[PDB]
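J.: In case you want the letters, here they are:
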Amino acid sequence: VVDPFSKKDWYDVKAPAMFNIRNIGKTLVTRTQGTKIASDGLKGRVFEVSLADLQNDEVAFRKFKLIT
Amino acid sequence: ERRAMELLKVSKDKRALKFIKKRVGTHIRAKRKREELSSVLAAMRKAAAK
Amino acid sequence: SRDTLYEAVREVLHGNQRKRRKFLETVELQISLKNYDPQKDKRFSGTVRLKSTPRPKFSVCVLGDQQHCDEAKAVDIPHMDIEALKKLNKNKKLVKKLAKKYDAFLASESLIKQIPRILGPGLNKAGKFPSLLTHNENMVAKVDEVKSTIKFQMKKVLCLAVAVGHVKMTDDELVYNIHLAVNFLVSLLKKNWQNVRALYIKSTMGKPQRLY
Amino acid sequence: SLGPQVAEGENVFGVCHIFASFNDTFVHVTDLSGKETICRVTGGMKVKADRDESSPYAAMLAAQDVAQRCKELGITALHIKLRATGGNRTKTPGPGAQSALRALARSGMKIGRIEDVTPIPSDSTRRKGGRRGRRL
RNA sequence: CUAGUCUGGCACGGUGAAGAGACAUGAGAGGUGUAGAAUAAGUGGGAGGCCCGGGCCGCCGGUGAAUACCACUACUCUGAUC
RNA sequence: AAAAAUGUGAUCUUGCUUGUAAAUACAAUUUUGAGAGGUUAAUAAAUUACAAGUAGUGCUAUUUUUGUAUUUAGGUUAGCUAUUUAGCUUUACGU
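Chains as they are written, first to last, in the deposited numbering: chain CC, 21 to 88; chain i, 54 to 103; chain K, 6 to 217; chain PP, 16 to 151.
Keep in mind that the hints were calculated from the coordinates and are not lab data. Incorrect hints may appear among the rest.
[As the list claims (entries may be wrong)] Below, computed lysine-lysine pairings styled on DSS-like, alpha-carbon distance capped at 25 Å:
no., chain 1, residue 1, chain 2, residue 2
1, PP, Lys96, CC, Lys34
2, K, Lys39, i, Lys65
3, CC, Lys46, PP, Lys96
4, i, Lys99, K, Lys97
5, K, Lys207, i, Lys103
6, K, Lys97, i, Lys67
7, PP, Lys50, CC, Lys27
8, i, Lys103, K, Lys212
9, CC, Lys34, PP, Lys106
10, CC, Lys27, PP, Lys86
11, PP, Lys106, CC, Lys83
12, i, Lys62, K, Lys39
13, PP, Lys106, CC, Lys28
14, K, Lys196, i, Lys84
15, CC, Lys28, PP, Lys125
16, CC, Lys63, PP, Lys50
17, i, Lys84, i, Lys62
18, PP, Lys50, CC, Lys83
19, PP, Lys125, CC, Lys46
20, PP, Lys96, CC, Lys85
21, i, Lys67, K, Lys160
22, K, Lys47, i, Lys65
23, CC, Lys46, PP, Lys50
24, CC, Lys34, PP, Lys125
25, K, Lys39, i, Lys99
26, K, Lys97, K, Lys130
27, CC, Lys46, PP, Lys86
28, i, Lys75, i, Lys99
29, PP, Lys96, CC, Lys83
30, K, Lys212, i, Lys62
31, i, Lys99, K, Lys207
32, K, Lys196, i, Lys71
33, PP, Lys50, CC, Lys85
34, PP, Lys61, CC, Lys28
35, PP, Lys125, CC, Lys85
36, K, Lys196, i, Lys65
37, PP, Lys50, CC, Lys56
38, i, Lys65, K, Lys195
Please model the complete structure; the sequences and the hints are all you need to start from.
T.: What follows is the structure, encoded as structure tokens:
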């Protein structure tokens, strides 16, 4: 009866300095509620960021896979 | 006995009397044990006061 | 309803930190009440009786047109027969101050012809009802009414206070007063299990300090 | 369901896995990873008939409802992963996707990249069916 | 009706850490209906007693019971746990 | 409405709390017009009366004079504005 996506914080996604753009986006992360850890729940995730979104003035057809 | 002292702290006389009766036996022994525990509770209260 | 045992109820002579005044002090009995409603039908009141009453300070109204009126003037109280009653009209109650001014009254042979009237109850439970049993004659017992019996009542503060001790009279006369005081309080104590939380010690005036 | 980040500088991104077969249509909006979802609707919720779940008008209404629910949570831009039936049978999306991609565009949702994530098999087992085929 | 078998409870049979819920203790802040120069703090208070001949607010004008010298109390947070 | 005071132990009619009334418009109208709801009731909202408790008081409850007579009647609930003269709101201080 309660809205499920209410107690969800937003953590910004960072990229290494070898590329151009630092920030990527945000993803809903639950709070550290007692026993469970938000850093433990945010352990294995994989995003999909294209090369045109990663580096500015290059080609667009190539892509990569970014693990966090 | 420490549990009975905690029941005396939370002040449940009927449940404490039934528990002491179930532990030791007869109601005379339970009534004497409850008065002895109340006496040593007053002694510990006097010791905590001074 | 079980607070008791008089094995170690002694050594009350330590009163140097409490009493360092010139005059004599009033050691009082107070208690913290629990499970009590102030407004509704829950009423905690009674008359605790002492044998050797130490020193209750209160004023006594004296009326009469007899030898009592002539002998009460040696007490150096402002005694006056009819103009004192004329001073206390129904105006001192319209004025916000309390129009009582006396904790005791007179019921003697001078007003025995005026007392049998419809006026019955009142502040009898509060303890302002004169009688012949407690010496309200006021020609000789006016000085002795300084040493009078005690009583207690309740109010909206939800607390209790009564005067049971005075560290003139020694503590040997006060220990039996303590015995009789707790003996009448246990007997006079609706359903209420263990109202006694912590009996207080008290003197005339001062600052807080814990001792049981 | 609120976005604390700046509205003018950067718009909140998501993705939609638009499934459109011949008799079924999903509108499943998830995050950029894909593990945590946002919303998902079916054709059976709108139309109480299994014969026309892949309908253009019902797909338009479902896309507008999902776009309104997505603007309630505050995600502005979406990538479009256009799934199909896939597998060994067919490689053709349904007709409801042509209406739904126009509906979510006209509803006021920003459009990012559009690509297919259809599970296309290279070399697999025997296809479901006899030698003679579909007889009608 | 039972051997046999299954399950539950009782003693043998304790310990360290994290998380959730309840209870208690030592302390510090803690009190603005009308009205009054002032958190009226509190009731029996006491017109006075303390300290070094002198120091304070009074009694009270005004509030429904007014300050020093004796008690933690109805009750709101901080709060360390043998 | 304010004042002698014998009184009822000198002494007033209770801002509070608890039980009772029997008072306390309908309509417009946000689902709803209708018969109740869950008005209303029960029965801790309150202004008046009764009894209890006591915050309010010694419960219950008593008497003399004054307010006579200038009996009056009219009117202000006087504004804001202007250096002064004077001008001049059926009272807005969301309008």
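J.: Now tell me if each hint is right for this structure.
T.: Against the structure, the hints:
1. Our distance criterion of 25 Å between C-alpha atoms is met by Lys96 of chain PP and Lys34 of chain CC, whose separation comes to about 24 Å.
2. With a C-alpha separation of about 16 Å, the suggested pairing of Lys39 of chain K with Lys65 of chain i holds against the 25 Å cut-off.
3. Only pairs whose Cα atoms come within 25 Å are accepted, and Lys46 of chain CC paired with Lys96 of chain PP is accepted, the gap being roughly 19 Å.
4. Between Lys99 of chain i and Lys97 of chain K, the direct Cα distance comes to roughly 50 Å. Violation of the 25 Å bound is thereby established for this hinted pair.
5. About 18 Å separates the Cα atoms of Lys207 of chain K and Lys103 of chain i, which keeps this hinted pair within 25 Å; it holds.
6. For the given pair, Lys97 of chain K sits about 54 Å from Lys67 of chain i by alpha-carbon distance, which is inconsistent with the 25 Å threshold.
7. Restraint check: the Cα-Cα separation between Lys50 of chain PP and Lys27 of chain CC comes to about 17 Å, which is no more than 25 Å; the hinted pair holds.
8. Taking the CA atoms of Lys103 of chain i and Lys212 of chain K, the gap is near 20 Å; set against the 25 Å cutoff, the hint holds.
9. Only pairs whose Cα atoms come within 25 Å are accepted, and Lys34 of chain CC paired with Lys106 of chain PP is rejected, the gap being roughly 37 Å.
10. With a CA separation close to 18 Å, the supplied pair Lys27 of chain CC and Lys86 of chain PP stays within the 25 Å bound.
11. At roughly 24 Å between alpha-carbon atoms, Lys106 of chain PP and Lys83 of chain CC fall within 25 Å of each other, so this suggested pair holds.
12. For the proposed pair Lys62 of chain i and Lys39 of chain K, the alpha carbon gap of about 16 Å is at most 25 Å, so the pair holds.
13. With a C-alpha separation of about 38 Å, the suggested pairing of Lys106 of chain PP with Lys28 of chain CC is violated against the 25 Å cut-off.
14. Restraint check for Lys196 of chain K and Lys84 of chain i: satisfied, since their Cα atoms lie roughly 22 Å apart, inside the 25 Å limit.
15. A threshold of 25 Å between alpha carbons decides the hint, and for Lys28 of chain CC with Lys125 of chain PP the separation of about 23 Å falls inside it, so the pair holds.
16. Under the criterion of a C-alpha separation no larger than 25 Å, the hint pairing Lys63 of chain CC with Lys50 of chain PP is consistent with the structure, at around 13 Å.
17. Restraint check for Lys84 of chain i and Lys62 of chain i: satisfied, since their Cα atoms lie roughly 18 Å apart, inside the 25 Å limit.
18. Among the hinted pairs, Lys50 of chain PP with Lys83 of chain CC is consistent with the structure: their alpha-carbon atoms are about 20 Å apart, no more than 25 Å.
19. The straight-line distance between the Cα atoms of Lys125 of chain PP and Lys46 of chain CC is roughly 17 Å, inside the 25 Å bound, and the hint therefore holds.
20. With a C-alpha separation of about 16 Å, the suggested pairing of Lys96 of chain PP with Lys85 of chain CC holds against the 25 Å cut-off.
21. This hinted pair does not check out: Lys67 of chain i and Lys160 of chain K have alpha carbons roughly 32 Å apart, beyond 25 Å.
22. For a cut-off of 25 Å, the pair hint linking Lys47 of chain K to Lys65 of chain i stands: about 23 Å separates their Cα positions.
23. A distance of roughly 14 Å separates the Cα atoms of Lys46 of chain CC and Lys50 of chain PP; the hinted pair therefore holds under the 25 Å criterion.
24. Distance check on the hinted pair: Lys34 of chain CC and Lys125 of chain PP sit about 23 Å apart at the alpha-carbon level, within 25 Å; holds.
25. Of the supplied pair hints, the one linking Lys39 of chain K and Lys99 of chain i holds, its CA atoms being roughly 22 Å apart against a limit of 25 Å.
26. Distance hint between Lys97 of chain K and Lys130 of chain K is fulfilled; the C-alpha atoms sit about 23 Å from each other, no more than 25 Å.
27. Using a Cα cut-off of 25 Å, the hinted pair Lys46 of chain CC and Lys86 of chain PP holds, with the two alpha carbons roughly 16 Å apart.
28. This hinted pair does not check out: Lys75 of chain i and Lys99 of chain i have alpha carbons roughly 30 Å apart, beyond 25 Å.
29. Note on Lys96 of chain PP and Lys83 of chain CC: the hinted pairing holds, with a Cα-Cα distance of about 15 Å set against a maximum of 25 Å.
30. For the hint pairing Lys212 of chain K with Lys62 of chain i, the CA-to-CA distance comes to about 30 Å; that exceeds 25 Å, so the pair is violated.
31. Taken as a hint, the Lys99 of chain i and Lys207 of chain K pair is honoured in the structure, with Cα atoms around 19 Å apart against an allowance of 25 Å.
32. For the proposed pair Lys196 of chain K and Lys71 of chain i, the alpha carbon gap of about 21 Å is at most 25 Å, so the pair holds.
33. Note on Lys50 of chain PP and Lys85 of chain CC: the hinted pairing holds, with a Cα-Cα distance of about 15 Å set against a maximum of 25 Å.
34. This hinted pair does not check out: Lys61 of chain PP and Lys28 of chain CC have alpha carbons roughly 29 Å apart, beyond 25 Å.
35. For the hint linking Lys125 of chain PP to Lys85 of chain CC, the alpha-carbon distance of about 24 Å falls within 25 Å, and the restraint holds.
36. The hinted pair formed by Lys196 of chain K and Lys65 of chain i meets the criterion: a straight-line CA distance of about 16 Å does not exceed 25 Å.
37. Taken as a hint, the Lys50 of chain PP and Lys56 of chain CC pair is honoured in the structure, with Cα atoms around 18 Å apart against an allowance of 25 Å.
38. Straight-line distance between C-alpha atoms of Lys65 of chain i and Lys195 of chain K comes to about 19 Å, which keeps the hinted pair within the 25 Å bound.
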